[PDB]
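Chemist: So the chains spell out like this:
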Amino acid sequence: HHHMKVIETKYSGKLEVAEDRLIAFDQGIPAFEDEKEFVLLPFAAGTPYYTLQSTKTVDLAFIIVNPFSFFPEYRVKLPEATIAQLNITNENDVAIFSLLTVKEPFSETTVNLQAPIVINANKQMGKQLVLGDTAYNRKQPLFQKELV
Amino acid sequence: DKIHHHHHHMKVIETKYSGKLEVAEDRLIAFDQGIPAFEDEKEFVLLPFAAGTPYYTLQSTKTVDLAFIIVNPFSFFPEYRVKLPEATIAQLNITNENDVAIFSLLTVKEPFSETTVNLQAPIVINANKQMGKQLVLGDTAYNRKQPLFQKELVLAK
Ligand SMILES: [K+]
Ligand code: NI
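Heads up: the sequence lines are chains B and A, in that order. Just so we're aligned: 82 in the authors' numbering is position 85 of the first sequence, and the numbers increase by one with no gaps anywhere. Just so we're aligned: 7 in the authors' numbering is position 16 of the second sequence, and the numbers increase by one with no gaps anywhere.
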């Protein structure tokens, strides 16, 4: 047997998703604290683009990137509390994503490097982690490799 | 047969990256000459990543593993220009420049920053008439392996 769920998505209509892809956000996301479950929808293998889609609110879907594909010097320090919270035990567990603010033209799109999405897919746990002590920019130009 | 409906226009297709999807018949694009090296693939659907972004896949409706990763090249190369010959205009029943969408095939590399785009041979789609082709441009200096990302420093000091 399998465990599949039909999910209404913002950009792709209804998709069938394995249940083990359903990520619990026990604390939701800041300003969306009641949104306790999301699914990661990648664009295409080998690309750094994704959407983080609410499994309960079709119109809530964050366009995100793997920032490490765009910004060579970007690093994320995970606090112990975040590690506990997401049941992380090892480096390979962890996926980092960053929210786009998509602009017209697309070349002006920015990336929030202060507040990454952190997902432990293995344990189906996620959160948005707000970095306080950093000099990262909440509006880093997506197409400027060098950090502001 | 003992159950009637008006849902015959919705087609179920297996996609490379999104699983099984339902697609409206009016999204099915006829490629009457197929695509070069895939001349038997006469029907594709355009699957956009997300509104406001230039990323799409061009998915065969007959062959699950044939899905081209493509971009709107104008989002990356503002000065890009595509000349449709008179015969292409007729082939795709274009009756207005607003009918036309241009896409360019990616060659996705690892790391992604090394990805190239084919600027010599765009995908040309008339969505209103559901007709497409790939057109190899003549008499241009466009690069078939144009870097998608700018890694050079251009000086006009
Ligand atoms: K909810
Ligand atoms: Ni089971």
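Take the hints with a grain of salt, since some may be wrong.
Said to hold, decoys possible - Listed below are the simulated SDA-like cross-link pairs for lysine to any residue, each with C-alpha atoms no more than 20 Å apart in a straight line:
1. B:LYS11 - A:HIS(-2)
2. A:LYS7 - B:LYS136
3. B:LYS142 - A:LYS100
4. A:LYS100 - B:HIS(-1)
5. A:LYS11 - B:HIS(-1)
6. B:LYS7 - A:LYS100
7. B:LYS142 - B:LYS11
8. A:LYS142 - B:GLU88
9. A:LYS100 - B:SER66
10. B:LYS11 - A:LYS100
11. B:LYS136 - B:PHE68
12. B:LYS11 - A:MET122
13. A:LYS120 - A:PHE140
Read the hints as simulated data drawn from the structure, not as lab findings.
Chemist: Sort out whether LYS100 of chain A lies within 20 Å of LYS142 of chain B, counting only the CA atoms.
Modeler: Judged against 20 Å, a Cα distance of about 18 Å means the pair holds.
Chemist: Tell me if the straight-line CA distance from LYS7 of chain A to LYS136 of chain B falls inside 20 Å.
Modeler: Distance of about 33 Å is beyond 20 Å: violated.
Chemist: Would the hint linking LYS136 of chain B and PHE68 of chain B be met if the CA-CA limit is 20 Å?
Modeler: Measuring from Cα to Cα gives roughly 13 Å; hence the hint holds.
Chemist: For the pair supplied as a hint, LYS100 of chain A and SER66 of chain B, confirm whether the alpha-carbon distance does not exceed 20 Å.
Modeler: Holds, at about 12 Å.
Chemist: Measure nothing beyond the straight line between the CA atoms of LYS11 of chain B and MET122 of chain A; if it is 20 Å or shorter, mark the hint as holding.
Modeler: Given that 20 Å is the threshold and the Cα spacing comes to 26 Å, the pair is violated.
Chemist: Need the status of pair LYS120 of chain A, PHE140 of chain A: alpha-carbon distance at most 20 Å?
Modeler: Violated: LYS120 of chain A and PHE140 of chain A sit about 33 Å apart, past 20 Å.
Chemist: Holds or violated: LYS100 of chain A and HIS(-1) of chain B, Cα atoms, limit 20 Å.
Modeler: Violated, because 33 Å separates the two Cα atoms, which is more than 20 Å.
Chemist: When you check the alpha-carbon spacing of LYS11 of chain B and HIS(-2) of chain A, does it fall within 20 Å?
Modeler: Given that 20 Å is the threshold and the Cα spacing comes to 16 Å, the pair holds.
Chemist: Run the distance test for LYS11 of chain B versus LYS100 of chain A: straight-line Cα separation, threshold 20 Å.
Modeler: 30 Å, violated
Chemist: Taking only the CA atoms, is the gap from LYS11 of chain A to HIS(-1) of chain B under or equal to 20 Å?
Modeler: With Cα atoms ~15 Å apart, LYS11 of chain A and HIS(-1) of chain B stay inside 20 Å; holds.
Chemist: Please verify whether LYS142 of chain A and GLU88 of chain B have alpha carbons no more than 20 Å apart.
Modeler: Violated, because 30 Å separates the two Cα atoms, which is more than 20 Å.
Chemist: Please verify whether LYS7 of chain B and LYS100 of chain A have alpha carbons no more than 20 Å apart.
Modeler: 28 Å, violated
Hints 2, 4, 6, 7, 8, 10, 12 and 13 from the list above are not met by this structure, while the remaining hints are.
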